[PDB]
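Colleague: In case you want the letters, here they are:
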Amino acid sequence: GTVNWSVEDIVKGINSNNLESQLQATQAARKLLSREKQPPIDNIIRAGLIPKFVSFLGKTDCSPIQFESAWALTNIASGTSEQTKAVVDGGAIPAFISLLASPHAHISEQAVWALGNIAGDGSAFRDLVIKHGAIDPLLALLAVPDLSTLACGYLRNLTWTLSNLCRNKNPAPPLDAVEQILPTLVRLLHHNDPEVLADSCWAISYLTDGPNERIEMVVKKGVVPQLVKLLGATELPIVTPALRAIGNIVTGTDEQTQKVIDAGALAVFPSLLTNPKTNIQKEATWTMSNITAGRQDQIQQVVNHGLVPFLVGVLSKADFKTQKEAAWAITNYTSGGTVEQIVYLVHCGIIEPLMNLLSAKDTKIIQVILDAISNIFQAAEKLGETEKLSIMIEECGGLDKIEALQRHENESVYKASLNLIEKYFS
Amino acid sequence: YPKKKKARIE
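Here the protein sequences come in this chain order: E and C. Quick note on the deposited numbering: the first sequence kicks off at 72 and runs consecutively. Quick note on the deposited numbering: the second sequence kicks off at 148 and runs consecutively.
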């Protein structure tokens with residue numbers, strides 16, 4: 072019937088003065104555009120069909136053509152920035168916002184989907200969708216006593232579009248829009264569907280990626296305990312965004328990191344720092360590094376949870392990026408920690424893996440490791456352990472690596488290695 | 148990050 076039409080026949084049908092022929096041609100276009108194998112988006116655009124689809128969006132007495140045109144425009148807007156721009160130039164944003172209030176659930180869902188693609192293009196189209204007033208009807212669609220009564224796919228699409236309205240930076244979403252959206256986000260964050268939870272955590276991670284004031288906007292709503300709970304979840308698509316959000320939060324002030332700590336997040340890190348997924352380990356070590364850069368009582372809480380041995384393990388064996396994050400965490404620990412805490416760090420066996428990592432070509436990790444060693448040597452000086460630590464470094468082959476670093480391109484590597492040799496190895 | 152956009156496929 073409407074299967075495998077040529078764009079020529081689609082154009083012929085849409086250009087006819089017969090609403091039913093137009094509907095048939097629009098469904099044929101939808102079926103062309105809904106195939107995985109290279110949907111002919113550019114051919115549909117060149118045929119000048121976008122204005123006709125946008126006009127069909129507003130045919131209230133023919134809901135099927137509304138639905139078909141909405142689906143076609145959704146799939147067109149799902150492509151490159153230029154194709155999304157072609158959709159937007161046709162005036163589709165206000166038409167989709169108007170359709171959000173359609174009495175037909177599938178049409179409003181398709182409008183949500185299209186607006187999600189448009190906003191997900193980037194900052195400019197996101198803020199334009201916002202300026203057209205989509206947030207109010209979007210949130211109204213979710214204003215029900217129990218989210219469970221809503222259709223699953225409908226709720227998932229709503230959550231995804233909202234997350235896209237929270238996404239992207241330079242600029243970040245408007246403050247008032249974020250405040251308007253956040254309560255519904257908090258509610259979605261307690262929903263039971265895995266996809267809704269994952270997309271809500273992704274939205275929260277978007278919103279926490281910025282100045283401490285944005286992190287505060289999010290943290291004030293009291294979502295950190297729920298974020299930790301989800302950090303403990305079994306579904307990787309949930310743990311990943313929850314961990315990203317927690318990391319972004321701990322990049323803020325020490326009080327926000329303390330809010331993360333009080334929720335019990337550290338107890339989850341024995342598994343996260345041994346998670347078989349590389350990215351989970353990497354981001355968990357990055358979070359730990361941003362935690363060890365905090366106050367001394369927070370370093371002490373890291374110690375009490377037995378996470379220093381796990382940092383040693385990650386530093387000993389892990390993907391190289393995770394090892395970079397571990398080196399950064401150790402350097403922050405040693406720069407901000409007490410003498411007792413640095414001595415404990417040494418007692419857990421950090422020296423040997425820290426030295427083994429000095430043979431890597433990455434110059435910045437070498438600088439980081441040398442800074443950590445300098446801090447440890449200061450802590451030892453304060454106790455008179457300088458010689459004992461020097462002997463330990465000699466026994467594991469670290470002295471050879473430092474002596475080799477003396478003749479290194481980077482000025483700071485040069486100078487720091489030479490200074491270590493001159494000050495602690497006579 | 149996850150997909151910015153997604154088409155409705157059938």
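There could be a bad hint or two in this list.
Derived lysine-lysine pairs resembling DSS-like cross-links, with alpha carbons at most 27 Å apart [what the hints assert, rightly or not]: (1) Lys150/C with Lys102/E; (2) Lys153/C with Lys392/E; (3) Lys202/E with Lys150/C; (4) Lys240/E with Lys153/C; (5) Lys102/E with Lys153/C; (6) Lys392/E with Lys150/C.
Treat the hints as calculated values from the structure; they're not laboratory data.
Colleague: In ascending order, which of the hints set out earlier in this document are inconsistent with the structure?
Modeller: As far as the earlier hints go, only 2 is violated by this structure.
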